[PDB]
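Have a look at the structure that comes next, please.
The other protein chains are all here in position, but one chain of the complex has been omitted.
The first chain written gets the first letter, and so on, giving A, B, C and D; residue counts start at 1 in each chain.
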Amino acid sequence: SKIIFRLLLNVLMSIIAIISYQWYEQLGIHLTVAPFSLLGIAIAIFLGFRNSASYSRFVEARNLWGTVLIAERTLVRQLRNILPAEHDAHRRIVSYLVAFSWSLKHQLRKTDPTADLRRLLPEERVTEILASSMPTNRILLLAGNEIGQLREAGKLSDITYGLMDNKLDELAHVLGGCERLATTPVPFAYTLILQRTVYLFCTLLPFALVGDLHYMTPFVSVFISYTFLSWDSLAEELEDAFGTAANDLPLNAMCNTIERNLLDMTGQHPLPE
Amino acid sequence: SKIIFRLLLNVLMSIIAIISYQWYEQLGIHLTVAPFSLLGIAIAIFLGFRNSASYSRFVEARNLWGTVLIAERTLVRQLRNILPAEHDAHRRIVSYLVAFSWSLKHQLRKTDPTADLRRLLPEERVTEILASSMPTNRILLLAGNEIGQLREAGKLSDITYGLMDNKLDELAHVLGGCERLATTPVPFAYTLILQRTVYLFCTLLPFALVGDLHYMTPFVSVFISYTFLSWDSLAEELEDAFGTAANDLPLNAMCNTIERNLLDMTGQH
Amino acid sequence: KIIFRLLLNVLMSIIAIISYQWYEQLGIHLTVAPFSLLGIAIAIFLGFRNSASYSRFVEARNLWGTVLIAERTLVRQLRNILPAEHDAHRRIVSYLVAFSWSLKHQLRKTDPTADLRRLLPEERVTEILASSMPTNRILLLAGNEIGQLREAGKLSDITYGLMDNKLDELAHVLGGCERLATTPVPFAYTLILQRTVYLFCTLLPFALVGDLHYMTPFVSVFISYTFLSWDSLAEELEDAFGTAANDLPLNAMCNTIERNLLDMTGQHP
Amino acid sequence: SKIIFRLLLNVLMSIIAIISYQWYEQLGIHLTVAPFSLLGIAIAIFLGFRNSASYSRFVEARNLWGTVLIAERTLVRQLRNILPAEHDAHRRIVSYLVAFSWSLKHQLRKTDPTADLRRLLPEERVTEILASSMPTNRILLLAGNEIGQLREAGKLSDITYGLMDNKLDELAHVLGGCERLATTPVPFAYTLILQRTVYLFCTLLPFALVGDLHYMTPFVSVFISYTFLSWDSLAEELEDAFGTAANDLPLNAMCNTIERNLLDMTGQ
Partner (left out) sequence: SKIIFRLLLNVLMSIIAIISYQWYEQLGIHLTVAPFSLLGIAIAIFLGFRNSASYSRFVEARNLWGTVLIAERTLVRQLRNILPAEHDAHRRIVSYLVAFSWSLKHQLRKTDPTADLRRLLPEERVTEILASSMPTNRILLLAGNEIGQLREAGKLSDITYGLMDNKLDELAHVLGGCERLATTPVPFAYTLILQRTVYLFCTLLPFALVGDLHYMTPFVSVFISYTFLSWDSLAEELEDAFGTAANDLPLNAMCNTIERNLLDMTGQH
């Protein structure tokens, strides 16, 4: 945590305010609580509204990765109920849906997806995915091909295809939502204005409190600084949700759960009497 | 009250603040209202936003369990309307749908679902559901198999199947919603950090209010503490509705309400 | 209703005026600054409470709005697809009107027998009252009317599906309305704030008397009026469907629904 | 602009507080800023939440009238794409949909739609619509008749009818939405509490401020009054959210845009 260094600096800023208190009126400088109370309340309001915006983006990030689990379950679930005999079709579609989860993971984590794609799909398909400028959207097209080919075979009617097509439409809203959160953040000015005001408020606070507290200055100033800094750092963990930090989503575990889910519903060996 | 231990501790610290006030001039330590007022208003704003997020989680929690009630009612309604003669199918689907509700209750609470599943389903399926790592999802698959088998027999058309399949999707959106809302740790320790900030503000407050109130310190300081601690403990309850430390009554009720409703529709009681 | 405490607030202020000459005699200090910090905190918590209460009232009004929308569109679809089947029209409308009235009685926790016998044959009223939830039975009986027209050959599976969607939407309303009635916003919400504001407003003139002297009862009743009126509005918005001053006129709403559905069929009330 | 008359009243109430300040010690009355700070902050919190609720109902009114534009554009678009030859059908439905837009406007504004209805529709239909107690709903039923009769002619299938029916369902949600906003206003308590409080706070404010500010009282008190009254008046206009005021929705401009769009798509 980088918060603890700021707390140690707040103690140092408090002690230098205590010893230099003699040279205050000799220069003619005064700092009271009431002007800093107005500034602090203003900052406490603005931080609250920013953290609300940061939480709302984190909820949206959590919701979209929840939908990957829902849409892929229901698509395999529909496949098992409508076409219970097409087991060769199942394992092809399943492998694409697992691959979609892993490729979406690596797209948000800015990492190479080649290892996971080769683990799940044949080399003719991995080359096709990597050729595309948008690799994860290619997978949905290739998964869409498999549902389309079953409709082309006559195994799926236009109604049963339409029921399965809507699940792929849900999956497209996941990818488009995840890309939108990754590319467009909370406008940088939000974090730039507040982080500047908080740090400058926390350092100038013991100088404003030294006249009222005298010797209790380091104990109180830290306790006020801690409240304003913890709330500021809370938003700095929620805004970026697709990284590898403490509050950031465990996407490795989530993709493992999806892989476990889709190989739980399938994998049941057909025709053992 | 649960927090009444900390309320009497606040009065205990107030009496300490009165007697030790004589020693304050020996080190040159002073505590005015204005520094603790700025901190107090700041905490009050931060508790307001946190409680709003806690309420937001609670409303969505009840909405999902409302959809369990809605989707299962409308699935049984569609079965009676489209296929009025197929009572053998009715009994099986209702058995699975109620088994979905109870298994979801035991999944959110992390409790054993074996006793409830054995009551509603035969042992061939109970072992199959318990073998799966996702038991509630397995029930939806088996419920989907019942709708799917009526389609393959020729009794359900592709459109009438589609109407019933959408109701199974609603329950699957709930399961995925409930799984997400229970297994998310939205803070690292900030649910405890903000709780600790309230605690230490409450205990240091009588030392700050002793100069302005003297003997009225235990009266006013406990009344400020009460308003802050009650609002903090309220957000603690609303954040985890599907908790082991949370009330079991609203979750056990809606599982019985759905069982009572589905048995009434088919005409069994 | 709030005037009973507004007169009590002036009476408590009179006590604060006469006892001010005994303040330093008893040895008590009460400054404005600690009560300012507490009062701002309460104002924040009431601000979030009233906002949460407003969202309940909006959702409750929206659900009853959807009854009027869904039933209009169901009759509209019946007239466009099957213009000849007026025997179907009159039966379904009488069910949809009965659903609205039984929804009113369910939320109010009252007997619906007086309104059900007015609209429906006696055998159906006995069947409706037999069920655990009367409204869910009506939607099932209205669904059977659409279902029997599908079995006759007059409605295809597609045209059944369009009419079925509105019956699904009405069941989402029923599940929504039941949720807002059966699950109130947790116990503590009113237990904290209502009693906190009462104890704040009565103990405030004791703190105000040091700075205001004889203007104490005039300014204390000002702050009390603003705090209590915001408190009372939030309780009127939370609850709900009943017979309070600021609540939904459900008797007038059900009459508007009945008049709309009779007007579309070519009938006069 | 009710504010400018009230701002001059506040300066006039401030000068009373200055001249009667010599009488304060005689009556035994002392007024500090600190209790009025507590009250004013509370008012500012409650005004902030009310204005938030008022803006939310304005956005909802904007979104519903946005849906009028979208659902009617798409229904005409669906008609041209499925049935490119049936122009006799187009002329009636477009005129019905435009009549829906104007009838919804006149129902919300509480004005007579007779002049607009006879401008678009034949006398056999206008007299039938005006006969109905819900004239905007009557248009949706007659618009549904045109889609329904195209289905019964064998020109529209059950599938293509269902795609068009969803748009009529979407416009019916708007009608029920707009009626909900009109018949049920923002609880009159919100206006009864705050407006009484804001006016009484601003009037009583210089009497507490005169003890600390003296001759700067009419400058400071009028600037606090301006902030509190401007925010209250803004929330008042957003609460409606319709009507004839300048701050409200330009519904005449919107209905003409809908009328122009549907006549553009048909080539008229």
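The rule is simple: contacts are C-beta pairs under 8 Å (C-beta built on N, C-alpha and C of every residue); 3 or more make two chains touch, one makes a residue touch a chain.
Every shown chain that the unseen chain touches in the whole complex is listed here: A, D.
Annotation: of A:21, A:190 or A:215, A:190 touches the absent chain (contact as defined above). Here one chain is not drawn; of D:17, D:175, D:238 or D:255, the residue touching it is D:238.
Of the candidate positions A:134, A:153, A:245 or A:246, contact with the unshown chain belongs to A:134.
Those residues of chain A that touch the chain absent from the view are 27-32, 34-39, 41-43, 45-46, 48-49, 52-53, 131-134, 137-138, 140-141, 144-145, 147-148, 151, 158-159, 161-162, 165, 168-169, 172-173, 175-177, 179-180, 184, 187-190, 193, 197, 200, 204. Think of the hidden chain as still there; on chain D it touches residues 33-34, 36-37, 40-41, 44-45, 47-48, 51-52, 55, 62-63, 66-67, 69-70, 73-74, 77-78, 80-82, 84, 157, 159-160, 162-163, 209, 212-216, 220, 223-224, 226-228, 230-231, 233-234, 237-238, 247, 250, 260-261, 264-265.
Operating definition for what follows: only the chains that are shown with their structure count from here on.
In terms of their C-alpha centroids, the spacing between chain C and chain D amounts to 23 Å. The distance from the centre of chain A to the centre of chain C, with each centre set as the mean of the Cα atoms, comes to 37 Å.
Shown for chain B are the residues that touch two or more other chains, namely 34, 36-37, 41, 45, 48, 52, 159, 162.
Chain contacts here run in a simple line, from one end chain through to the other with no loop closing. Chains touching one another, given as pairs, are A-B, B-C, C-D.
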